[PDB]
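Quick setup: one chain, the form solved without the ligand, written in structure tokens, and binding and motion questions come after.
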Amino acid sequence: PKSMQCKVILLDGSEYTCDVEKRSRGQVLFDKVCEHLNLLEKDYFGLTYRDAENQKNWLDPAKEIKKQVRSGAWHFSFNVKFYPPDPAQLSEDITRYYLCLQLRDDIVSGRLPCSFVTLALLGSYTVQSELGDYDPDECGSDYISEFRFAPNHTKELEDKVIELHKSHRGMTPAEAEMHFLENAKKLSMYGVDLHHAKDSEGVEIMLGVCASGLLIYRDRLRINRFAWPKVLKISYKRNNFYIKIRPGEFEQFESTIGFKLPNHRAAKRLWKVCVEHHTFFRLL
């Protein structure tokens, strides 16, 4: 029975290494990672890998690892797949902790845009959870934390994190992570997976997939929302992606909306994440 070495980047940036049989389905590796992380609420999380295009793909837990990574290294990242709309309803604090770690990376990476004050408030709750009560002995008029908080760090932002941290005296880690999530969950791009596309007229847009539905970002003025209830069917063909959109109240026919993706693989990637999110929605 031949075994392949797996390397997994965890959300704290640490690296987990293990072996699985070469014919293993993704679930086998994911179970080993989740046991390492003492994670029980596993269904919100998944593993990603990079293809030769350095594009992120979800490892399908139901499919053979070898049939997915194909030519690539057995190198993966542990990520949030389904962002809970209401993280207070997760059963375990450790689930909320890994969700906070994922959101901290979504923020630093710029996937999750954030106002100055929200960057400072989230940062202040992270510092509270990890260091406890503000300590002046660990501070100065110049102080620059180790913590990454934003895609573009400024002294103004560092100062504001310290001001807010002083206010959290006595707050426990689970409490500070809950306040972190109460703020993060309200951000317009929370849990939104963005896909580059063109509309039917060749105009570049972004397609956003999230718990609530599919978002179109044409411009800051033109923004379509298709709540999952309105979506009957999601399909791809060649480089094309289509959604079948419910007749309006008293209308006779469904409508189909068509999009151009960068290639067949990018169309397939978007369709799979849409199907998986639509299922998640009907379980809420």
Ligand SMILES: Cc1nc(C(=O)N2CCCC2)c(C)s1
Given for the second form:
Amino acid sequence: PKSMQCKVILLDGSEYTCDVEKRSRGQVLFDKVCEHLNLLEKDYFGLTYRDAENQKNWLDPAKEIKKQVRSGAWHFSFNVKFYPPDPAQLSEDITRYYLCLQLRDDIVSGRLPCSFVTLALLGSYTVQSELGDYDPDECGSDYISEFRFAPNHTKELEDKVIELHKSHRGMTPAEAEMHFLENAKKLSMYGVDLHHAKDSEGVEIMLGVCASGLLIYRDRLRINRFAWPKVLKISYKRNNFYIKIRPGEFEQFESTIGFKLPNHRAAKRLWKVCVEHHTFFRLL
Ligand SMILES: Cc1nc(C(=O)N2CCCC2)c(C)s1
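Switching forms now, from the form solved without the ligand to the form solved in complex with the ligand, please provide the structure.
All chains and molecules follow, beginning with the one already shown.
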């Protein structure tokens, strides 16, 4: 039985290495990573890989790994796939912990925009969880944390993290992580997967996929929002992505909205993430 080496980047930035039989389905590798992580609430997570166009793709757990990575390296990341709208309802603290690690990367990367005060508050909960109670011995007037808190760090932001960290004395790691999540979950881009597209007129938009539905960001004025229950059919054809919006009360016909994606693979990827979100968030 021939086995392929897999390398998985974990949410703490470390690398997990294991072997699977070369015809293994994605679920096999995912089960190994999740056991390594002592993770039981596995439904929120998945593995990504980079395709031959260098795009992030979800590893389909039901399909052979080799028919997805194809010509590419067996290199993956472990990621949150479905961001829980109410992290307090997850059954395990360790689930909330991995969700915090993902969100920290969402913030530092700039995928999850955040005000100065919310960056400092989230940072303060991370420090409380990671180091425990504020200690002045590890912080003079010139302190800069090893923790990455933001896409761009300033001395002012470092100072505000410490000031709020001082307020959290006696907070336990699970408590600080829950506070982190209670704040993060409110951010307007929380759990929004953004896809570049053009509308039916050729105007550049972003489509966001999340728990509450599909978001169509045209400009700062008028953001179109469509709740999953308002969506009956999601389809792609060539470079095109279509959603079938259900008839409003007393309307005779479903309405169709068309988008142009960069290429056929980008349209299929958007279709699959929409179908998966619709199914997942239909059951929650
Ligand atoms: C507040 C918003 N930001 C974006 C955006 O283009 N983003 C790219 C990085 C994450 C956000 C929208 C589409 S709405």
